[PDB]
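Quick setup: one chain, the form solved without the ligand, written in structure tokens, and binding and motion questions come after.
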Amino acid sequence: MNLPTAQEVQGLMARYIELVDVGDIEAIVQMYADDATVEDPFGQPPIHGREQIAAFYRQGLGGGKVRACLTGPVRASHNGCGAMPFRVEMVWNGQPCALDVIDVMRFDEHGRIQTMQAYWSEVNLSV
């Protein structure tokens, strides 16, 4: 496909969350442009390219069992960008917990994620 329409952005970002929930790092990486940037959490040095994005997320969604679900609709623009609210449930000190996140994504003219920012900090972690 091409630069995603607003409806297409909603579908792509919803699919992304489904991939996080099942832990399919390979499929997440293929959603990214080969030269994408990830800032997760926003404020940390950017991660650059599919190899480093794969390595980074195999530390997480491979090491432990994690879940994720949208907590509201995907907001989508007409320039191939969108933003979504979601919640991640995981193990914290041998104790389940919840993290509230918003990802902002910009897609390229091939329908792949060019940039992603994940807004969250410990203020968004609850036990």
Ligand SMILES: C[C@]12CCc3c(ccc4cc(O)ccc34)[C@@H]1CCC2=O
Given for the second form:
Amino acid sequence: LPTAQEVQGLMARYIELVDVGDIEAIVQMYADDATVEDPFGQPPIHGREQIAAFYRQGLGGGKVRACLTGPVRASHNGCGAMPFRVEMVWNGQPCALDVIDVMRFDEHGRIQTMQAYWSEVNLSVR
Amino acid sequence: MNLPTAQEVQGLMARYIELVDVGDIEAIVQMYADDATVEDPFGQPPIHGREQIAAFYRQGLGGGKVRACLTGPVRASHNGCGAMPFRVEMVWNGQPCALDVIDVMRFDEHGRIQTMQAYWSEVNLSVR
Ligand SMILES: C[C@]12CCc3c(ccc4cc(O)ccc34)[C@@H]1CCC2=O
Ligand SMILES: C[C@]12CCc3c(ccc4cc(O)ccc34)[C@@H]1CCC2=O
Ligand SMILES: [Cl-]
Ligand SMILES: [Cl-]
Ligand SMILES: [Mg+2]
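In place of the form solved without the ligand, output the structure of the form deposited with the ligand bound.
Whole complex next, starting from this chain.
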């Protein structure tokens, strides 16, 4: 499994890819059988095509920005958690969303699970 | 209460940090379900039940002064879970150090913590 230092680098790279909006590069970071729960509480998304569709829908228009708001926390069993802020426009209202992602990596450094914690209580109008 | 709403999760998890900061072990243990599990750090074997959880917090908080504070908002779901970023300050080698942590908590139908997972390792420890 990736080391704690490697998890920090992978999760930071993921945020960099979200921020520039490269959907294909993001999808490549996921394992074949990965699941995404975003927001956590909703049914998982499974499969490369469906994960790509989710990022295409979320990031498609451009105008999404994302940045870490504190350090990546990493374990020694290939998992980590990170806090970040997403900036977007929701029907002409510029908004920000505070999120924590929890990720579990496989032995190849790919994302096996992703769980995103947020709800409407984490939304703010700018 | 019942299963906490997202707003209630934010309040419960913020209170937990206040109780860590002041070091009220009994009040912390009362927030946990009787059969709760703690994984701290995540990756180590779970701790089961209030007796073992009390012992863990008394070992961690019972000695030198520990301070804890949120470093950003609590993220909450609609299914009784949340995640929060915070910083713990304590002493190591006679000097102050800081540890950055993210806890993930799942609450039960009575508003008590059923599982807690704490994400951190030595890469999150800092000094000077
Ligand atoms: C999908 C989304 C944009 C990106 C995004 C959101 C929420 C959680 C995320 C978690 C991620 O790891 C990456 C991107 C998002 C927003 C919710 C509403 C929206 O437009
Ligand atoms: C135990 C501890 C103080 C408190 C604490 C630590 C780590 C994770 C935590 C998670 C919590 O939800 C509450 C308290 C801690 C530190 C690790 C070493 C130390 O001194
Ligand atoms: Cl932080
Ligand atoms: Cl934050
Ligand atoms: Mg019960």
